[PDB]
Amino acid sequence: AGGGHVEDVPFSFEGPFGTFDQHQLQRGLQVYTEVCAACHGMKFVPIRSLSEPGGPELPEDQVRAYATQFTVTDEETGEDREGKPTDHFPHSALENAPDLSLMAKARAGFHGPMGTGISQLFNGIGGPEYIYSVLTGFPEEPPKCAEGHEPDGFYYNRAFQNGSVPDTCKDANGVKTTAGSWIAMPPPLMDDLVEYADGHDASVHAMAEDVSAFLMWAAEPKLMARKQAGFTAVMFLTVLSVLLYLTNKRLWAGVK
Amino acid sequence: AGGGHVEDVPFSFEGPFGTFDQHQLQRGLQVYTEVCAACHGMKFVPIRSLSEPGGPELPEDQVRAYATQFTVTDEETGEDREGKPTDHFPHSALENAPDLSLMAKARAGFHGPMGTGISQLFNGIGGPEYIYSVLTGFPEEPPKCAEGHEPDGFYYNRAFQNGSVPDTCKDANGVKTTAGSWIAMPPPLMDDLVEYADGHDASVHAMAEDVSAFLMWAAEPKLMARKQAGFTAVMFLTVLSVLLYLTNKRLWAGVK
Amino acid sequence: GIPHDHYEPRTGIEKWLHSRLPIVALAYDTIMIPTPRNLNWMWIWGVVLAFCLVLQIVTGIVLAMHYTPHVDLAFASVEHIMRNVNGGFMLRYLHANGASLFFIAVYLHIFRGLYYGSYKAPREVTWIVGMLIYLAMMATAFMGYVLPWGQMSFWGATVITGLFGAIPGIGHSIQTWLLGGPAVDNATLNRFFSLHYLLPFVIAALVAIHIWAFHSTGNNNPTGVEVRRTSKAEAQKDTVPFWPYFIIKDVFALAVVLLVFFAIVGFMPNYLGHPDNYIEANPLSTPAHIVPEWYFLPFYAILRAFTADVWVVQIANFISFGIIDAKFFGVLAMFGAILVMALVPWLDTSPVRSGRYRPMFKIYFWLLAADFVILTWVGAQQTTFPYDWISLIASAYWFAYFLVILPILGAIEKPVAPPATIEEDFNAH
Amino acid sequence: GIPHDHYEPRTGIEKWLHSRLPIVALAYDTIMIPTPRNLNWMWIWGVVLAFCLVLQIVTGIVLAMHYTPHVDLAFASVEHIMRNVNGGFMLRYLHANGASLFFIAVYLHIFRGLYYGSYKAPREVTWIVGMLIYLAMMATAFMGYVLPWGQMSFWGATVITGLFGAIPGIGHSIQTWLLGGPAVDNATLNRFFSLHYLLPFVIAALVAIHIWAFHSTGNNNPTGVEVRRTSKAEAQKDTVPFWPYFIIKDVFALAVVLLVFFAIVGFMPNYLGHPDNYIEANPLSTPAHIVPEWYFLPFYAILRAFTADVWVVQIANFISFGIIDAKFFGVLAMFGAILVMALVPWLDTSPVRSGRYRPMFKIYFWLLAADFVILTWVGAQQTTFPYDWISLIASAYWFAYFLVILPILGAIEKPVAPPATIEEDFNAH
Amino acid sequence: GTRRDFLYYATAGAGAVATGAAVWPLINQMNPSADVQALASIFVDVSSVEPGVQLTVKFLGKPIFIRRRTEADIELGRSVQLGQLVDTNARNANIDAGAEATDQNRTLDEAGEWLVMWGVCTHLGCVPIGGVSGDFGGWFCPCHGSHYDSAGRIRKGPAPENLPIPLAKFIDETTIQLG
Amino acid sequence: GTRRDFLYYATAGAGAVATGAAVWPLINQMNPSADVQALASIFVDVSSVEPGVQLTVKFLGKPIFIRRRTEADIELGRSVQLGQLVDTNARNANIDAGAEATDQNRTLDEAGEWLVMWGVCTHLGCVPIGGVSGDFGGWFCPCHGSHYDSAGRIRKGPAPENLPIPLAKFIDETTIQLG
Ligand code: HEC
Ligand code: HEC
Ligand code: HEM
Ligand code: HEM
Ligand code: HEM
Ligand code: HEM
Ligand SMILES: CCCCCCCCO[C@@H]1O[C@H](CO)[C@@H](O)[C@H](O)[C@H]1O
Ligand SMILES: CCCCCCCCO[C@@H]1O[C@H](CO)[C@@H](O)[C@H](O)[C@H]1O
Ligand code: FES
Ligand code: FES
Ligand SMILES: [Sr+2]
Ligand SMILES: [Sr+2]
Ligand SMILES: [Sr+2]
Ligand SMILES: [Sr+2]
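Protein chains in written order, with the authors' numbering: chain B, 1 to 256; chain F, 1 to 256; chain E, 3 to 431; chain A, 3 to 431; chain C, 9 to 187; chain G, 9 to 187.
Same shape as in the complex, but just chain B:
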């Protein structure tokens, strides 16, 4: 495989003061339920977090109503039942569809110049920015080298890297000539496939951005709490450092 390029998205959560857009996560939640949930699942995400702070923050009744659409096999009884807020999202309905719980942190969107991590140091891991590129990275037609040579059951994506490539597209010494590769996921986003609550734009780029934000929140629900605590510890230890500096400075005066 490899590590290539990505479309840089100014997500709201990016940056030291970045925070989730509450309406965006509700939009991304809708995209997941209506499109992605048909094949994918989130075996690790509790449904109750849709009302927890630093997230979509829905009313508990909407979470209660939203959870009922999912079927859950009771751990004790054994017979299926309606979904409660205490249950997790179901397993991936499609066997070979990976789980989307930690996808926004399990993929790197940026790669250091010479594997030096300089790009990641300034741009981040790039998970939510990589998902946006895969959804919007399905071209109309394949590359010319593959016309009449596509592996059956796969689709070309610019941003996907772990996919097969026809031998007719490889050069003389085995290196692939295409930017991307052939992914097994059909194009999941089609223009205006979803109608949002707040009437927000539902383009392919918009849905990818919205669902990426929701997919980032699913992977790291406590991001907004972490940055509050981090800034506090930074501010506090700075005070401790400043006082320790003046204390250390005055103590050595009585020697030299």
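None of these hints come from the bench; they were simulated from the model.
Check the hints yourself; a few may be wrong.
[To be verified] Stretches of chain B that chain C covers, calculated by requiring three or more beta carbons in the stretch to come under 8 Å of a beta carbon on chain C:
| id | stretch |
| --- | --- |
| 1 | 46-57 |
| 2 | 241-248 |
[As the list claims (entries may be wrong)] Within a straight-line C-alpha distance of at most 27 Å, the following computed DSS-like cross-link-like pairs (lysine-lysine) qualify:
| id | chain 1 | residue 1 | chain 2 | residue 2 |
| --- | --- | --- | --- | --- |
| 3 | G | 177 | F | 84 |
| 4 | E | 239 | F | 256 |
| 5 | E | 17 | E | 234 |
| 6 | B | 84 | C | 177 |
| 7 | B | 249 | A | 251 |
Cβ atoms here follow ideal geometry from the backbone N, Cα and C, with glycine treated the same way.
Given chain B, put chains F, E, A, C and G with the ligands in place with the hints provided.
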């Protein structure tokens, strides 16, 4: 409840040199499969141990044939299948039927004179001897205090103690007057209910002793290794104690 | 510091090491410290405790390589060890009965200290250090008993959170904090396992201070007469080095102890245990004949002896306007048994150290030994009559011995003259 | 022992305690040892490591109260901490990045020792004690990375059992023993968890010996001149007590370190990790872009640098009649990097302590500093050309520095005169 | 000098706050997580519970007792006077906390036939033995020897209070709503 | 005197033997248990595997590769000579251990279309990447950089030997028996 009396059985495994009777556990295995297995289960006992040393020690093909009768839900696949030697015996088919894996060590058959543990010190815990008393402790008719007052679905057993008792059988200050109490298990053993391979006697007393030994092996499969190892450890530390004494005696000789 | 002789580097390698890290010197001064030469068989229990602590830790680490701290798998993971892990059956019984050996040791070790006045000065630090070790051991052994997750394991865990739950006002909050929820659940089992791993190392750290404590002051002896420190040659008459005389003697007794102990583990590993812990945990049903471990029974009796109708409890109840109820009073009595035992250096006012030469003290001491056994025995018995009052009479004497008798004893004692020196006692023997 | 002054009990309580357990005296003699007054900012990493070791153990013990060592629940149990446990997301990132802070420290701490010759006598014991700490840390820190049971975690565990599986003859036996089966399975995770809890306490035990080691001899200094011990008044000109002059200085630097470190954990907790460990373990698929932690990459390069076509490997193959293949040679090279670094007191024959006054040594040191960083950098790169040869030059220079250069250096060195006393360096600056 | 002593206190105070601010995260982790906080009510089908039969159901980690009391069990509660009781509080979440511990205040129906209460001994949280046990024809705790009557009130033993009664109500003729 | 010094040797030996007999159980415990020892054979349904598609199946905890090789892959294997190979051993459990590492000795059928081998890199046990990868049109190991040819033979990298071939045989036209 309480702790009452029991029929003292000279089990072969009792005593410092006691060892399991290989043929006896095969009979107890037969009694479990044909009678007890209908309601009870052994969720902790691996089926493979029916050929392991220090046990029934059947041929692996017979164990392989014996294991196939059980249905098992594959942990990975999900679809049912025939039972392998790697699987355990099934859960208790009857919800309120306790698991018999550790029953032979989870019940005390002896009780100290005044709760001083002297009886256990000389007779053992008495688990396998208590099971024999429950199986053989079903009388023909109930006690006279209970004649015409049996709770429907319960049966009187002399040795069982944790069962309910009618108020008509208790004394003036709340203490029950009967030796035993009412258990929810119908008498599972009937004379000659099992036909053995070698034509061995199939009385109620014989089957109870045989299955008790099998239940002791199920609870403690490694008993024969423990007593050999225990005796071994005794021999080494005995030698070490003796030599340390003579060294200690000669070392201290030059003082007093 | 007793007059010993310094460590002198003999070989060349010893000289190379001694100029950088004097570990061989500290080891020599430590293992060659002068020890009184009149010790009888009752001075072995300190060494026996050292082996047991190593045994539990060594076997414990092994058991942690196959145990699973989870309610759905804990009890199952233990039966995996018993049946499938090579030699796993011996190691578990060693860790279980080893704790029982580890606890008959401390009581014999403790009762030794009470008879010979090893708690009186300058040995307060050694005694108080010992008390901290005892609390860790008691807390440690319980949390280990929760790990198999049997019927006894589950409801034992429910009780201890209730004991901290018995504090007025903040108790109910603390009970949730200890439990990690409304009731005993996976959060309780998982944390009890973590602390059960931690505290034995904390116990080992305390034992170092415990060992350091008596080396600075010196080992007590049956006579109570201090070692002569006016010259190295006078000390040599009153003392012999720790190694090899008492190392081999204690190691000899250790082999005899292990001989007895391995015969238990080899032939009746369950006599000291309770069969109810071989039953899967049932949150909806408690056994009818609960009996804690024998080394917890005496404190189990104290917790039940003070019911709501005891006269003394009603006095405290009225004085506190109902604050001190039966629940809170019972917990204080149970923990109070440690506190009165810890404070005994400041309650025994007799200036005579050894109880061998205190005739009246001998009577009251041997009653306490019987009292501890009686307390242990009644803990397994049913709460009905007459066991309720026997445990109350026994419980009463415990506090009377430390808080009432020992202060009173120091005044009316008619002591006997001890020997002039340790050498005098040895020559008669 | 440097000339300090004894502890004198002042109050009555201090007299009461000092005649029983001189714990206040040992603390005074330890914490007031005379330290050279010319130490620069490179002598802070010892205190930072002490804090880090407390941090990992303290946070680590907490994490064990919610982790479940089981393949079906391990990866899930981590996300339980991240999402539901109050503040659990911070504790994992602290314990995770804390290991990275704990490992940037040792290398700067080690390179300080290599530059200033703190491994040369009388400080061999401090170095060897440190090397044992390093080995425990590397094995310890790895097994923690196995516990989340991600894709990176699973196949890493397969490697280590293969590393001991690469030994001729006995390797396959050890590999089964380490794995507990044909492959990495539940038996492997359960035992690795037990050792990850144990070894940090063993590390703490070594740190005590590490602390005792340099206190007995005295802290090295940038000049390399030992403290004058002819009189208490001359030492005071070359030295100041450890407390309060250097304790506050180290604590000050700690706050600056923690200031930087908490911003990492607060704003980019995953930059120092690998995203592939957020994927559940797959026994049937290995990731395409494996990258171990940065503190294992230099040893990752050495394992891959010695392929079957390397010239040096081919020579060893014939001499040993085929026993030493590329696999076994790579393992020997990886551990050999420790052995050459562990044996550096007996390879550097120059009698000058501090490398500040060794001009030729300085070049090879800074190349070694670049070499260690370069080794780390290639670990993330693919094995293809030209990276294949770069890792071999770097690997070759590592053994050349210790086995070839440093022995030769001691003869042909042209050292520079150090200052007459530490005071001269302190007062001139 | 305010610039002098202040520094030798703020530095110590910052360290004290640092220790405190570093210890508080380590304590709060042991508190219950979000998965346990969000438990909710349940519904029990008591259609086949004859008089004298007790039905034990788990709720919030603990057992809840649901006994259809017999003719005799009802009277024993109503015969006891408020002065004879150890605890004069009903310990019931439905009625007010100050309510008296009458038998009609411990049951759901005026006939006193259905007794619904926490199966949590108020001493230390064990499960009392059901049916007709103890010295008062009620519940007996085997952990330390607490005796309750047929109405679920403490009469003898270390337990201070009566068994608490959860928020319970009949939603229809044959279904109980706990919590 | 043989009665004198001898005792100060046997006493140490008894303690040493006691220590040794007590230490060996602590080591042997880490060996595999009975639950893993009793794994057995499996059956794979290769009915719908077209040429070029690889089928990975779990067996004894590790992956087994089942690739139906393409037209180009088969001849590429047969083009390599025994002298050109790093390892001349076939490492096959069916045929003898001494068999040569020819392409015809690495497959089950004489046509060389079905290749069945352990998906266990012989270096340290990783899973090589399938399809057509590496510098020899075969398998590439991402752990340390081992390149295999289209027949599954090692050509370049740290791996000493070829990928082992399990005891495998076709029981019928469309089913493989592993183990
Ligand atoms: C079935 C009709 C699908 C729907 C609807 C969605 N996805 Fe999917 N996805 C599907 C398959 C079969 C696969 C496996 C691809 C492979 O090559 O094996 C995937 C994979 C993904 C991935 C992983 C990309 C990677 O780097 O490996 C992502 C990030 C992903 N899918 C995202 C995604 C989103 C956001 C969707 C809703 C907008 C969605 N998928 C729908 C099948 C299907
Ligand atoms: C259904 C027809 C059963 C068969 C066949 C066997 N047992 Fe049973 N058993 C059954 C029930 C419903 C119960 C629960 C009893 C209760 O009071 O709750 C039991 C219980 C036991 C016990 C436990 C005794 C105790 O001390 O609690 C034992 C030891 C036991 N059963 C043994 C046993 C044996 C050996 C059987 C085959 C010969 C057997 N049972 C068959 C129901 C049924
Ligand atoms: C792990 C538990 C313990 C161990 C390993 C241990 C070990 C020792 C050792 C080696 C000694 C030196 C003399 C001897 O061996 O008897 C000793 C002495 C002593 N111990 Fe302990 N002990 C433990 C627990 C306790 C406890 C719990 C107490 C009291 C509550 C206690 C009280 C004493 C006393 C009073 C002495 C005599 C000190 C002296 O004579 O100076 N010990 N112990
Ligand atoms: C002072 C030291 C210790 C004491 C007194 C002690 C005591 C106990 C006791 C009484 C039990 C219950 C046994 C049973 O119910 O069958 C137990 C269980 C357990 N202990 Fe310990 N323990 C100690 C140290 C340790 C250590 C250091 C570890 C791990 C490194 C450990 C790991 C375990 C485990 C995993 C169990 C559950 C498995 C079992 O019961 O066999 N223990 N312990
Ligand atoms: C938990 C890990 C460690 C801790 C807490 C620690 C702590 C310390 C401390 C407090 C000092 C005194 C001077 C200073 O602060 O720099 C020191 C010195 C030193 N350490 Fe470490 N250290 C650790 C690991 C290591 C390791 C792994 C090595 C080498 C492989 C090492 C080598 C040295 C050397 C050479 C010195 C100088 C001794 C002297 O100047 O006399 N340390 N360490
Ligand atoms: C003292 C040196 C230690 C080091 C260098 C260390 C390092 C690590 C590392 C690198 C991880 C993987 C973190 C991740 O992948 O997110 C980890 C995980 C873990 N460690 Fe440690 N550890 C140490 C001590 C301890 C101790 C004493 C415990 C005591 C229980 C502990 C318990 C755990 C647990 C439970 C995990 C899994 C949970 C998690 O990854 O957050 N560790 N450790
Ligand atoms: C050396 C100390 C540096 C402190 C950490 C730098 C934090 C700035 O780094 C940025 O943090 C953002 C906050 O999440 C991330 O979104 C960005 O990806 C990361 O680059
Ligand atoms: C104090 C040391 C006593 C050693 C243990 C006594 C062993 C005798 O005790 C008997 O051992 C038999 C052999 O295991 C068991 O079958 C009996 O149940 C047990 O009572
Ligand atoms: S726990 Fe119920 S009376 Fe003590
Ligand atoms: S593990 Fe496959 S080449 Fe190293
Ligand atoms: Sr961006
Ligand atoms: Sr018998
Ligand atoms: Sr009265
Ligand atoms: Sr060549």
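Here's how the hints hold up against the structure:
1. 46-57: holds (count 4)
2. 241-248: n = 4 at 8 Å, threshold three: holds.
3. G/177 / F/84: holds (23 Å)
4. E/239 / F/256: holds (12 Å)
5. E/17 / E/234: holds (25 Å)
6. B/84 / C/177: This hinted pair holds, its Cα atoms lying about 22 Å apart.
7. B/249 / A/251: This hinted pair holds, its Cα atoms lying about 9 Å apart.
Going down the numbered hints, you'll see the structure goes against none, and every one checks out.
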